[PDB]
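With the hints as your guide, set chains B, C, D and E with the ligands onto chain A.
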Amino acid sequence: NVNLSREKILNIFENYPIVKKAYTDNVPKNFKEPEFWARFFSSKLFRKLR
Amino acid sequence: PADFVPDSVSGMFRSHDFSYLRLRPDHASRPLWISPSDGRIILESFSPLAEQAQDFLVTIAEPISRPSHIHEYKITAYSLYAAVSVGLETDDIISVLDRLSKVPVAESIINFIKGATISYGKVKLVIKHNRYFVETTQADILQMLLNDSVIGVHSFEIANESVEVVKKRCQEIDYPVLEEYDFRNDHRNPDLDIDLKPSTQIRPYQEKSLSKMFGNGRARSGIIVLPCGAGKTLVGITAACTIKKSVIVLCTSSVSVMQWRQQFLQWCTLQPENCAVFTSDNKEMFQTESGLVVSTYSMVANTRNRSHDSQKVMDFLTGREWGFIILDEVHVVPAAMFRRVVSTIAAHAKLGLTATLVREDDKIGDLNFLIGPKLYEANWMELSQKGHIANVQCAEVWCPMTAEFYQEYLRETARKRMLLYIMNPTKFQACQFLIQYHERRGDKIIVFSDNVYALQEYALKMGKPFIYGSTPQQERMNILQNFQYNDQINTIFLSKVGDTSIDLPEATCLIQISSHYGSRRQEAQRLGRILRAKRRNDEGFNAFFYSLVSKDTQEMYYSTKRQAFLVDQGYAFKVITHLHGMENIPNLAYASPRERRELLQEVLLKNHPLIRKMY
Amino acid sequence: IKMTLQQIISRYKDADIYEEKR
Amino acid sequence: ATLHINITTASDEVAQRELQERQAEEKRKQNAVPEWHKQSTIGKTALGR
Amino acid sequence: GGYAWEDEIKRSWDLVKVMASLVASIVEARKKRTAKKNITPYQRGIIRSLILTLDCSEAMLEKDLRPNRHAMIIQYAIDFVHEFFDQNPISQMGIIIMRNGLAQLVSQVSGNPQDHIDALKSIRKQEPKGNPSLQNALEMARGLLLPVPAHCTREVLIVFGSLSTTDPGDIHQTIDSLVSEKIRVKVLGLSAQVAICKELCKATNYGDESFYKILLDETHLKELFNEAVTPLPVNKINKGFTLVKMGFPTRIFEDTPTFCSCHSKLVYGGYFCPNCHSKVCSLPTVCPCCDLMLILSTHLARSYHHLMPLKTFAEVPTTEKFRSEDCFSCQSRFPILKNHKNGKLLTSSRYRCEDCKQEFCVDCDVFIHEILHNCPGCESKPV
Ligand SMILES: [Zn+2]
Ligand SMILES: [Zn+2]
Ligand SMILES: [Zn+2]
Ligand SMILES: [Zn+2]
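Protein chains in written order, with PDB author numbering: chain A, 248 to 297; chain B, 101 to 252, 313 to 767, 830 to 837; chain C, 100 to 121; chain D, 258 to 306; chain E, 72 to 89, 95 to 459.
Here chain A stands alone, though its shape is the one from the complex:
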């Protein structure tokens, strides 16, 4: 398990605009936000950005 603070989400968006860009076109459109972050932490994009 990982704790995701709101300011952690804001700093993820600010430091990485790619995550906010993927957030804007998916979360209100296809799947909800916790599903989005569950998909993102299992993705190669997270490993590349880390």
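Everything labelled a hint here was simulated from the structure, so no lab data went into it. None of the hints are false.
In silico BS3-like cross-links for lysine-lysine, where the CA-CA straight-line distance does not exceed 25 Å:
{"hint": "1", "chain 1": "D", "residue 1": "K286", "chain 2": "E", "residue 2": "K139"}
{"hint": "2", "chain 1": "E", "residue 1": "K88", "chain 2": "B", "residue 2": "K202"}
{"hint": "3", "chain 1": "C", "residue 1": "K112", "chain 2": "A", "residue 2": "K291"}
Leaving out everything else, chains B, C, D and E with the ligands in the frame of chain A:
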């Protein structure tokens, strides 16, 4: 005396008034007081130049007791032998003692240092071709000894079994025997490539003990005492790696033999084909020119008709000149024919490793004749305050004996009195309350009681597993695994099986329901099972020792006799005559008078081929 | 199939829990 | 194996810190010295039923 | 190829090898007196608005200062608040803490030290954590010092403990804004000399690099905290010499409780405002009804000793003929002070004053300069 008139208050000092020693003007800097009557040294630790004196005193003197403020040391002959063995000349010791003492050093103490330090290293026991020799660099020292002539540059061979008699006799004379192994210059014995693994770290007190052993560049035979969990096994491995010769290790249990083999294979670069085990199941020897054998005292010292293969292995051990012997749990060496293992094995260096250097008889002092002088006394409170061992809170719960049990206790024999004071119901209630309280605290509790019937009765009353001698070994292993891992199993009852060297899970609480008379060795052995807990790194962690004893009985006498050794180590046994919450506990063992009466009655009632079809 | 299905049903269980809590 | 997340709007995180403080208090209570060890029990009544 | 145990024993007792000690003490005493020779009546801003920035980040969790950094910084800040409002009564003060990347305001800029003491006591219980932000703290200090009048000096005291800081934006723009607003920042560092703090202290104090203070131990921390209660010497380029309109209220006496004009609570005593006749609770405070500074004569009286200081007392020569055998304002007899056998009257404990030529002992030397601020010999002189 120094032309000093005695004071009016000198009456109650039985020739111990040392006021004639004129105090030095700069006394407040000096930390020492020297008693001319017995050589006792009084060291104050709070003063400046204390540790710079404390190392000097622990090199030259035996510490009788080491409390927080004032430390007490004894100048004895063996401590002086150890002091001169590491290169301290007599004049240096006298001058440093004179500089560090407030009162001037009396001429009695100076003459004692002169007498004990001189005539050292005259007689030496050397081993040549598995055959003992006593050697002296001076010719007439051989001729002056004529009382115990067991004769078989100037030297004469003595018998193998008479080495202890020769050492005792030469200690009675003013020529003590020098037992030191110069393994650097010993090329007859084949060496070993054994060395410590680089990943193994050695704590500074272990380094200090080994520096006591290897101070002069030669292995000195002696005894190193360390608490349980302080790493006496690691000290044994490290000494074996230092000597780099053939090593024989004697243990008290077969599980200890397997543990020692595992520690040799783990902590140092010893190949398994160089190691061997002499037990009942395992009897094959290493085929190399040098290596390790680990065995049991009873196996080596078996006077019974041993098997043919065991006879062959014992012949191999006796015919080989060993460079090092490790006598783990050396307190059992002074026994009847456990004494003979130092004579049946021709070993150059003899190290005794123990945690309980006490016996209830006077034979504990014979170890200096058997193994050697006490090389290193570990300060248990220094190790506890540095986190090396657990900081136990020793206590002594006083259980008031009930009226009917005490009435039956007075009019009984001692053997029945024993069981009758063990099974008092107030001790049941106190143990149950302590188990409940320390199980709520999440502590692993090991309950010790030597009486098997009492062990079973307490375990059945409290619903906790019990381990003793006739329990099967697989059941014992299963119960130990459940105690180590299952969170519902936090209390296991143990008999005298747990006192001896067997493998146990880590425990942080201990309750001693009963005991074996005034065995100080058993009392300190039980304390060692909670001294090595994993939670030592946690700040504020304390382990707990409880000695539940019945009031106004011989159990007070035996408990005080047992705790004498632990308070000699420095532990403070705080009595507990009241437990807060005894009446508020839900279920009390034998609260009703009828239940106590039933328990009383139960305790009282405890005490030609064809003719072969015939057979 | 079991790792893919376990991941997607874990995601859906987390989504259901977080919609229930909100 | 599986990954789980804790999405918060930074409002319940103070409550989570308070719960961690409560866990720390429980840890303090676990290592608490018993009352018969921190003070003498001589003046109190004798133990029994 | 050997081992550690096979080496020779350490012999630590042998390593210990064993009057002109008064001279060795008095040379250090004279060197300490040498650093105090530069006594001048520098103009100092008496009316101050000191913002106390306290670090409350993860660096306070270090226990290198007993028992932890945060607890004793809070205690030393409490003592500093007491000493600051004792020696600078007119001056106002605000307290800001840095925690979790956000500057936090814990007490408004007020002339009442009790509110700041209560705020510090409230902060003492919480555990410090987070990553400090010098820019957020400096921006909030800039916002708090914005309504400060031009006559009142704007100062910021930072008890900074971390070695690195994270800023939401550029910190040099904040430094330039602080310089433009005439705000002097003094930073008390804890671990080492941070370059941004040194640059900030150098820029905000007109090229002075002596306002970045780093402690050494407990006593140095206490000395550095006690160094900040003195008003800073202002620059010659500052031309904000303005008259300050203020009133001296009369202490009203009444057994009947009345509503105060500052907190709207029943108060027995008080001070009626000399301009608008509205009672106040404590002094010195601005008037809640007419915005006038209400102080006492004692509040002004505390600060002349900064305006003119006492010249430091001169150690008398040993060969000089002493005027008196005992102290002047103390009449303690000066001893022989034979430091060695032929020392005779070496380093005689008399301390001549530069004006009255009167001799004083060491206790009078450290009392007349510290607790008193006036020479009894200079006042006994019949000019
Ligand atoms: Zn008010
Ligand atoms: Zn007014
Ligand atoms: Zn004076
Ligand atoms: Zn003067």
